[PDB]
Amino acid sequence: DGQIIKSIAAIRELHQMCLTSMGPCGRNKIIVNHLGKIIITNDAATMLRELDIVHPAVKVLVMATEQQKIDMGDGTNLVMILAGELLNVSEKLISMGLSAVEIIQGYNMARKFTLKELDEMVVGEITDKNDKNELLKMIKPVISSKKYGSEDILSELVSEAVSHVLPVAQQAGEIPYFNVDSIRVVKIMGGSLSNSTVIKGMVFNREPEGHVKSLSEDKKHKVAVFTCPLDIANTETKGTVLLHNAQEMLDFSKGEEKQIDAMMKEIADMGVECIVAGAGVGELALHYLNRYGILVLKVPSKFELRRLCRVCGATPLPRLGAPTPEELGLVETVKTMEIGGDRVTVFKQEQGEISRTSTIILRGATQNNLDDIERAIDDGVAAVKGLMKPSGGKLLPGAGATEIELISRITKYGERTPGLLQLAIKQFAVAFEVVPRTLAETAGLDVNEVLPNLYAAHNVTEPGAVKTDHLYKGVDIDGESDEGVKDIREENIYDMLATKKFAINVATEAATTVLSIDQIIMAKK
Amino acid sequence: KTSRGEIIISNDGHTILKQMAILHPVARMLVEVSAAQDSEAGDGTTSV
Amino acid sequence: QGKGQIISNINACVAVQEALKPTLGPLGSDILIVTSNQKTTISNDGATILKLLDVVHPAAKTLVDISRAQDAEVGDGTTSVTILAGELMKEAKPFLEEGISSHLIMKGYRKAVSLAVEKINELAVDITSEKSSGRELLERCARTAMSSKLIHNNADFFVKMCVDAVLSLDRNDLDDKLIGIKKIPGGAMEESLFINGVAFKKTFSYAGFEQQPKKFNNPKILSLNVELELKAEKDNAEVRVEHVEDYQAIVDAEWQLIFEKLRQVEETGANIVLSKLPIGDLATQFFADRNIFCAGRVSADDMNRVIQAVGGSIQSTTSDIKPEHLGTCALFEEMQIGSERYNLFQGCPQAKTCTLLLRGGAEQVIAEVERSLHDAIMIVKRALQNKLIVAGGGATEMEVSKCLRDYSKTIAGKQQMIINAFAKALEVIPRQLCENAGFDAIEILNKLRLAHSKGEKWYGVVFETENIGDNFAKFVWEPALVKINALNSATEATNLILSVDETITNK
Amino acid sequence: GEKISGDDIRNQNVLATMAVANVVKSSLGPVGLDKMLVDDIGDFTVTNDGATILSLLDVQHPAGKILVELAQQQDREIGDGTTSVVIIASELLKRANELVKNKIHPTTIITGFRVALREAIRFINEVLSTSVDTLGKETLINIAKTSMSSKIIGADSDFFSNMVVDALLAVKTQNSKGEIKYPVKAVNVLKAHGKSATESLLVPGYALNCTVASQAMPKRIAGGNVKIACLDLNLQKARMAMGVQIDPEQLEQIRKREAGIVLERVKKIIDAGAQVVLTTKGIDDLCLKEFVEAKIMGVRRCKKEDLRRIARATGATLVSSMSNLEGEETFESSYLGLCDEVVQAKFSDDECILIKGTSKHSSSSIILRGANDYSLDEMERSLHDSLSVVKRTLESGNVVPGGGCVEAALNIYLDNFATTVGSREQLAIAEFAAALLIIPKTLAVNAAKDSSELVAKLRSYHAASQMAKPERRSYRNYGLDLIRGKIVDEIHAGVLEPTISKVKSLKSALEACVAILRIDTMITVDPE
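Residue numbers (the authors' numbering), protein chains in the order written: chain Q, 25 to 549; chain d, 49 to 96; chain H, 21 to 527; chain a, 17 to 262, 266 to 490, 494 to 550.
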């Protein structure tokens, strides 16, 4: 009673915190790290990342949540509350005397049963591939997990970002995998939601070189990405300058100027529109660069250069020579426009072609609110991934309506499994009852009013009519909170099948790991 | 609040200065002024 | 945790809210705040107050993050954004006692702001035509801000000199970097000068000080980063030497390397030679015989302003100087104020910027003067793209306040009380004004109800005559477009604070 | 000593009174619940009555003692429904802090509240209920169902409604120069363990709980004209002299002579004819055997306070010592009274003498049986408080509807009254009207319901009543239902509260908030 029990109290502190952080009506939190990192968000996943992990099961939950961010990442607190609810139910099962092995068998046999029940709730089977219009409608309810304040403006920023990156190629074009890292959102302080724009190229914040980026209106240019940074010529090992006489003293400064005349003119002989320089250069480079009108990228980062190769379409030359006419990228317009008070260099083009790896300028008043929107873009493009790499993710009824039908299915499975499974399976359906109660608790409604509404829809029965109203109706609160019922087909709030498919395997894995712990052993910690 | 716990709520100048604890030597003689105002005048102490 | 954590986050904003009460309005007082830079800030506008304010509770940084967003957006009168947002949190205390969720509060204030964006366009009017315009409208808008903070009595002379400096700004360009100025200590508080170009203080002294000519009729500007001094070479100066006479040749070579570069400076003939690095005493006595202006230890920001003014450039080689790298101006007059000489660049090829030379020993005065110029460029930007204004004094929010009470009265039940609390929260702006002006807030706010209903629209509150009158006819006006982003930003910040039920602090 | 000036005193006073007020607000209304107090001395009492709790609770800041004395004044006026009374003045201090921050003078805050309550007297007279008014079958039963609220005894309302009403009908007496009123506090309430409230017994008269000392004494006395004699004389071996002190046979004769006179003193009681005799101090078996041969029912270990109400009700003269104008010790026949019917009944494994038909002073006793002491702790103070409401009901027929009907109605009268006075006091009326609405809002908090949804609908029904003077009824309506969350007339629900209870509630609440607003500073002298 001092290990398998008290370990639940460690998660119970985090379980109660996840109840108020789940759903569109959930509550935010303030996080202060030990190094000074401040995080304000409604997602408990980032909370467990920076939080110091003491109890071993805390690390078990954050790693299981990290697996969701790699795959789905939409509503990760759904399985966390479900896993935390199993511990609250575990106190009821342990009090009954069920062994830890048989309790896992109750969840394991129900896991394979739940995965088979996901096929009965399938709705919205067919979906378009390259059609953006139908994609913008299905991505809108995905935002409802996070702040729902404006779902139209966030969809328009994705519309212009996907339109550039989308290969199109209607019918069968052998469409490759859609890159998630290509779309990158940049937080910009100030401006409203409508002030945000989309950059087809790479949006950078820095100072222009000669005066400002221009001359690209006529298009027809050539840009080559250079992997080797341009810097002062030197060997690998640290050398020392040794002069044999006093005549070489005056030729040392002139000898370096001869290298600037040789190196800067040779690289500028082809007239590249935009040069990629990863290191620093001298002030004498402006002689040849401004003469030929070459735009300079000054000290980029490591991760921004990998995304630049798909924008300019230039071959990543391993060494820095003279620009080769054989391998060159096609870039038309490069301009610099002031937005938030500083000159912003953008690679955005105007028609003429469609390249990949676009960017989005995110303008908002509150920088803390931009963190939730930044995570919404990551979960927004994750919704497209389910309809891209797999054959399809289809749809399932959202707003907890899918778990309501499962309660009746799990209940029927318990009557057909006598023995120790009677207490395990019947309480396994109770673990699905916390999902609708979580949405009702964050909304402030009384559970006494919601309870008969949850029993009415999917629990009673399904009439013989085709496409019954029970499947297309769900729990939503706008003005209808008094009735407690709302049609989810008109609001078009749906979730993908891969959301719950990966969550059921985590709920059993989180329960199997924790409930099988006899004691905690720590040596010098 | 006196030392024995007696609570007296009033605006009377003679009552306030009676239980007032004064650590200033000259200001302690100001209580005698309020004592003479009650014996001689005895009315409108708040104004006097 | 729970309802007590939200109140704890609100109470952290109350300490900031109570400190910013005097910071709004012409008759509002000032607050003294000491920082870690040993700079005592006495100011009216709360623009730079929130940046230098010491934050104790972590939740208090929410008002600081939204302040920098409105800093570059508006910058003038932005202290009322946190005050109004503080009232929304302060008036939410009886709402926390009820079962009303913060999201129901979120929808209440959003519908009031969503309509307020439409009301501001309706409450204002397009002026244009032959009415107040440049040299007139710009003077009326800049006088409201500036005269409401410091130099109350002498604002007639002080603001007139600053308004005439903004007149040099023209459309079709409207560069936002033109507001860069300098700080000149010393002199009289009522004395100020106008300069159309970059000014930089000596900051060093050398033997050729008194021999430096202060007046050039047709100077030539040249920018060089070469430092003049005897010092070791770039990487390694090691030289293998055999003969003995070659060691004195090295001393000659070290001299010939410098002395040849010294001749190249005088070979150009540019009457203005600026060094980005310091200048030593080795080149002083030589270059002084040429009698050309020179300044060392120049900041990198001032060198970039010259590049953006006369179109010059900085080169490390004299033989590579191009013909266009030598700029010319109309006149060069070096001014000396308090034994400190100041260079002046007049008649640059393209200069839309005006650097105001101030006076006085108080460092906190220029804080709002630089902020007044930051608001002056906002007035020009917001007078072009969309032409309209509203009344001044801060009574504009009271006109839309009652308009929200009339509409929301019949709208969907409980949502009336939440919006009525927002309209009640809009009354804090005249409330803090009546407190600092010694007026009676009860009688004034009761008359405003008739002044904003039967009194049509434009009638404001006049602080000078202690009466209620029209600020629109008074010609004193306040920028209308600055309130659009000010009212909407405070709602998203208030809804975020009220949605935090717990605070985590590691270590 | 320690003296602090400014708003620091008024801020610490309001926060201290509000903290202790929010503790007793959970008992408001029928949905309220009792709470436990830990005295650290080993004693604890679980009740919702604020009169005892505020007296037991240690007051930290001396300003909190003002609200403690406020609950003591309610006992001398009404004494019942303290959960709905003392919490009204606590809300006036919360909104007062916002007015102190303003330029409104503290006396202007006071003056604004003085004209508000003075005019509120006529506001109550508009919704005032007459003596007949609603159906009012016995007019007590309708009020008896209201007294069941605010307490946890509401589940027994099927009984207590008949218990309190039928018992107090015989309490009517003629006193105060021909004034007809019920002598409250003369009703004795008895408690018994076991069964439920349905086993209670109504005694139209006085009932004393006691038995006979010796089991051989007759326990049954029937018939009329039963005389009772209260004897407080201590029968024991007499002590010695002032210390001057004094043949052991003559020394033992002192006890022989004394006990011989004690036996003669009982023989004088035999010639009186009283059926029941009482004795305060205990005795040995010698004097107890004489009571057996006396054919008179005696009782020992008697409480003095119990016998004081016997001589008052019956009319017999209480005799602490046997003496007359001469030096003879005897008992005169003029010290005995008369009663209509006196009989001793066996109740709950015990017996009690029922004294009914008292001619001198008429009263009644209620003998109730219940679960146990801890379960009857709340039922004790509640029934003692309900005796005052029934008194005030038949003393003055003015009553008002409960459940937030008065507070919701006064807001509408003050809305037109605020614009009437105007000037600077208009804001004080708005804050005073909003403070009265906090009590019905906290009523639904303990019921876990939405108060603002009901207040918005309830006030709209009271508004349609005042807006139309001529009125059949398409508009007028009132009442608030906590269970169903609907608006229904209280004539069907049967919730009505006396007007004198609500008038004195707001009358005493006026000076309660003023006492705090008149405190400029607080100084504390260290004890010796």
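Everything labelled a hint here was simulated from the structure, so no lab data went into it. Some hints here could point you the wrong way.
The calculated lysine-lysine pairs, modelled on DSS-like cross-linking and capped at a C-alpha distance of 30 Å, are [as the list claims (entries may be wrong)]:
(1) Q/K326 with Q/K436
(2) a/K476 with H/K127
(3) Q/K372 with H/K197
Here are some chain H residues the structure puts well away from chain a; computed CB gaps all over 10 Å [as the list claims (entries may be wrong)]:
(4) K59
(5) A257
(6) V271
(7) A443
(8) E486
For every residue, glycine included, the Cβ atom is placed at its ideal position computed from N, Cα and C.
Each hint, compared with the structure:
no., hint, verdict
1, Q/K326 with Q/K436, "violated, 56 Å"
2, a/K476 with H/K127, "holds, 22 Å"
3, Q/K372 with H/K197, "holds, 24 Å"
4, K59, "holds, 31 Å"
5, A257, "holds, 72 Å"
6, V271, "holds, 78 Å"
7, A443, "holds, 15 Å"
8, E486, "holds, 15 Å"
In terms of the numbered hints stated before, the structure departs from hint 1 and from no other.
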